[PDB]
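Below, in structure tokens: the form deposited without its partner chain, a single chain.
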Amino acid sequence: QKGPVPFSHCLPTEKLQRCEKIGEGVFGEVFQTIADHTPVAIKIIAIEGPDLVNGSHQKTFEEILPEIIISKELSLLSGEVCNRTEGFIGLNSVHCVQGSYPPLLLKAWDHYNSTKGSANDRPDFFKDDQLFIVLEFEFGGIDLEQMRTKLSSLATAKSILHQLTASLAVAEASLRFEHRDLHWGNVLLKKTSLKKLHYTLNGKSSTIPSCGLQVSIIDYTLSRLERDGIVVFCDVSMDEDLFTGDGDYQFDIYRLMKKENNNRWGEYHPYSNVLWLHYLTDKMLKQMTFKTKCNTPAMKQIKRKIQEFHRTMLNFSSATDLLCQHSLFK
């Protein structure tokens, strides 16, 4: 395009100085910083190099592009008309950067390592020819897993499920979207002053009581969508390890997706979104713990309705089917 830029292009000194690490994986470090008084999240991925990072080869640009494309398409839903949702993490910009890792980022990396501990290599070995993709996203808050003991009540749980269901439905309708890896580390929660959140599905607008939280979906490692019959997806048909996990219902969902799609990952099977929503519902009922339990009639009723959702939702064919037809959302 206009060639790689230096890190200073995306992260000028003041923005670098305000970086705090907030997350990691094999193929991405994520930092929070502040620009124009506003928090943002910065995801940085080393690309195109020959050598190992975090135990695996670096993605090429062509290998990571699908996930950037998916990010952008889902972000763009916030500005659409017939199918509109703000429930995917908003993408502000994408740059290809060249250079050694900024010493100021290493300081932030070290602080996270000392306090939370890292599975990753200390990123101090990259040379001045190293390419990276730097993605700036809106700040989404903290993941659901990390909020295990932090939510107010099962009313909050209902809002979260409703938000996720609406977002996935809008994406099914617009993009024939499947998330395919929507475990509780990929659902982000942040405070909102809005009492109700707004979405539009096939031209019909409606609202969701927020309970003070806004949900953002993240991580498109395994996601699938299409436009004009061009399908963007991660082909895991030859992956062995993804389907052999144990110890958590999460790992059954990979197997159940493979059963549903006959190991054909290019196809559209929006049932996979139902499977993830059931897994999240299961987490809400079994692993989340709330500050206020259902100590009244109205609250014991919400508990009952979420229990019924758990028992019935797998008989729906899509997030769209669930949103439009399930008694929980009436």
Second form
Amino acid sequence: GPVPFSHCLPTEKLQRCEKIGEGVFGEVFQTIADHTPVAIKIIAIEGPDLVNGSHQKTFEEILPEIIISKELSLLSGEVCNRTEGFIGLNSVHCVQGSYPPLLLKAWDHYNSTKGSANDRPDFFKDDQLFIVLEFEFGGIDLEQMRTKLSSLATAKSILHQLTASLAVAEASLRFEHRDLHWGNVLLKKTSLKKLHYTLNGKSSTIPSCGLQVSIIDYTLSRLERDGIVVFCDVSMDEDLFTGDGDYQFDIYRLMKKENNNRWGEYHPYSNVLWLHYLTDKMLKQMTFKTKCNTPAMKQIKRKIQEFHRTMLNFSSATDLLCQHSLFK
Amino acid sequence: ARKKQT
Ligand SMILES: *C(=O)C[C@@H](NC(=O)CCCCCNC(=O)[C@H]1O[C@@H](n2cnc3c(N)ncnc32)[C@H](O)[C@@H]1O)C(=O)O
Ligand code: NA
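What I would like now is the form solved in complex with its partner chain, since the data block earlier showed the form deposited without its partner chain; can you produce it?
Next comes the full complex, and the chain you just saw is listed first.
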């Protein structure tokens, strides 16, 4: 049976919620428990009414994200294919009830300061079901860090972390993220100088430049275990492929070209397409506190430029990681 | 940007 909101959000945890993100299908809050921040994603399910202008998803439609979130979180504890580059999953609950007034307070604060595209979630009845996903707090998204990074040396570490995590997930799970825009890449400070991963039993390190990258959001993702494929079939989607104004929206169309509109198949080239979009953001949208003012920094820039112009000739993140000169 | 929007 479903649980009340108070089971996931006891009073102290609920009182410390602040809203951090939103989309058509739900709301993300940060809170604290045992002195540690966490992120809480809340999605209404199974009801007949519109929320933010769209129908609610069913439990069966949220299950792929839950499964993929768990599999990717578990990669931090694996041996042959190990990465911490995907967000940790702490818990998942099915909750029943009206929206907590304390979360409405947080929602209002966000609407007042940042502005929301969503309806104020005050209209849910006491029989409403929700999925509540509790994740590790992964830091701040790359888009919000557009003006906050030190230099292009940091951009290099970010790209290497992303490529390695995707390669590990390709090897372990035949994973494709499929929606790796810069709102779905998080950055957090670390005191570790090197980050560790293992790919098909071979362990390596990546210089951190003081940041640990976490990939989030598996709504469009695909993976498999023992021939059972978990994915989102967007072959008939009437809006996903008609965006404009950002290279992001071309990526959906380019994935559809690569896979012939057959989303169950494994096409790890989609990971390369996203990494190209991310590299493009680093070179064109990100603005750094210290620019490339020395010969050595102009060299790093030239290496990332060379990555941008060559990486689309690689077949997967694994091929990029193992063969591209940027990572030697 | 989010992949889809109101
Ligand atoms: C496709 O149609 C799926 C659709 N999803 C939804 O509508 C559900 C809600 C999406 C929320 C989008 N915004 C974010 O995720 C932002 O919240 C912050 N965030 C999220 N998760 C974390 C964690 N673990 N730690 C820290 N911050 C976190 C980020 O700012 C993120 O950009 C869709 O819109 O894609
Ligand atoms: Na992580």
